[PDB]
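Generate the whole structure from the sequences, applying the supplied hints.
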Amino acid sequence: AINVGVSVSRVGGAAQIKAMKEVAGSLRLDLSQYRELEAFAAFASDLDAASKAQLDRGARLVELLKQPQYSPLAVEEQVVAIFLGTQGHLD
Amino acid sequence: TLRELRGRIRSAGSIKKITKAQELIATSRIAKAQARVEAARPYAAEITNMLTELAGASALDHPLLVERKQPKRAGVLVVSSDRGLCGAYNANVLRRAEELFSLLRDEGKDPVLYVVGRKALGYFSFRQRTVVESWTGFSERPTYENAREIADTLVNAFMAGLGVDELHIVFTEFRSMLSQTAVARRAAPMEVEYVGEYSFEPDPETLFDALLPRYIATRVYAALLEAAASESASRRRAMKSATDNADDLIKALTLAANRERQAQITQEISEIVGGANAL
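Those protein sequences? They're chains C and G, same order as listed. Note that the entry's author numbering has the first sequence beginning at 367, numbered continuously upward. Residues 4 to 164, 178 to 213, 222 to 303 (the entry's author numbering) are what the second sequence spells out, left to right.
Derived CB-CB ranges, DEER-like:
| id | chain 1 | residue 1 | chain 2 | residue 2 | range |
| --- | --- | --- | --- | --- | --- |
| 1 | G | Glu110 | C | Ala380 | 50 to 60 Å |
| 2 | C | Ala367 | G | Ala280 | 22 to 32 Å |
| 3 | G | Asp155 | C | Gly371 | 49 to 59 Å |
| 4 | G | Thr290 | C | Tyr436 | 32 to 42 Å |
| 5 | G | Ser14 | C | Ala408 | 19 to 29 Å |
| 6 | G | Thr4 | C | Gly371 | 23 to 33 Å |
| 7 | C | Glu443 | G | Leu5 | 44 to 54 Å |
| 8 | C | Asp396 | G | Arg238 | 53 to 63 Å |
| 9 | C | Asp396 | G | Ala276 | 27 to 37 Å |
| 10 | C | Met386 | G | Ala276 | 30 to 40 Å |
| 11 | G | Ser265 | C | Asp457 | 28 to 38 Å |
| 12 | C | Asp396 | G | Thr4 | 37 to 47 Å |
For the record, the hints were derived by calculation from the structure and aren't laboratory data. Just so it is clear, CB atoms sit at the ideal spot from N, CA and C, and this is done for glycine as well.
Below you can see the structure in the form of structure tokens.
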């Protein structure tokens with residue numbers, strides 16, 4: 367249950383391998399804005415198609431991030447797992 | 004300090020009770036409004052049938068059916084609520100109102116404004132555009148007696164062509193309890209809609233000229249009923265949102281007050297024990 371909004375790494379992307387740094391580096395802010403977009407749209411009777419598409423992308427990214435207990439994924443697999451989502455192949 | 008937090012907890016609790024009560028009230032009134040809508044429909048449907056079987060015989064030359072040679076000034080009726088707590092209802096209606104005003108002024112016309120509801124009246128009295136006339140005190144439960152006067156005023160404003181070359185209505189259409197929005201309709205001049213496949225007393229032209237204004241009146245009535253139902257549904261949604269917000273506020277205030285209780289007791293005990301350890 368990582369709170370993507372409050373969580374921070376004050377060293378940042380300095381210790382992140384270039385593959386993950388490129389594939390995932392956009393994910394944090396996209397998920398934060400998805401969370402706020404969801405908090406808004408929870409009571410929107412109607413809203414533009416772009417908001418709805420961003421909302422579905424965010425929901426599918428959130429569903430992507432979770433994983434079961436005692437199931438650590440190697441980085442070589444994590445980069446692909448995040449590629450599936452960030453590049454939109456899950457759409 | 005703790006006293007402030009306790010008082011705010013009491014206040015938030017009272018607010019939560021009030022908002023839940025009004026939420027259930029709105030849940031009942033949306034059903035009342037839908038009942039009135041479906042009770043009014045069967046008259047409009049028969050008026051539509053009669054008007055079309057008269058139109059088939061009529062000359063189709065009544066002013067309301069023919070466009071002006073060069074329009075300059077368009078009348079617009081904006082329907083809004085008389086009570087607050089509706090949330091986005093008035094906001095949506097008025098943002099669509101201004102979008103329609105910008106469409107008109109892009110085409111080349113200028114709007115003359117009629118307003119139903121005190122909220123839009125306040126909005127257009129803050130933003131300096133002059134309302135021609137307005138009506139208040141029935142947006143919650145419109146009766147035909149009011150739609151009659153509104154339609155009369157708009158039709159007289161049109162037939163004078178001060179006068180207007182067009183009549184629009186801005187309201188909200190109740191698609192379903194969970195989903196609703198504001199809509200713009202041109203009420204005049206009406207387009208004639210030919211589609212493929222009687223005695224008239226004294227003549228068809230007379231009955232048609234007498235009937236079209238009443239069609240305008242019943243249509244504006246139906247629009248006001250849709251507006252009232254949409255208003256009650258948006259009141260439901262917004263009051264549920266307010267109840268949830270008050271619940272979360274009560275939670276946070278209770279947490280803060282319990283932390284203050286613990287800190288106060290700990291500070292008192294530390295003071296007592298420092299006094300003891302001094303002797």
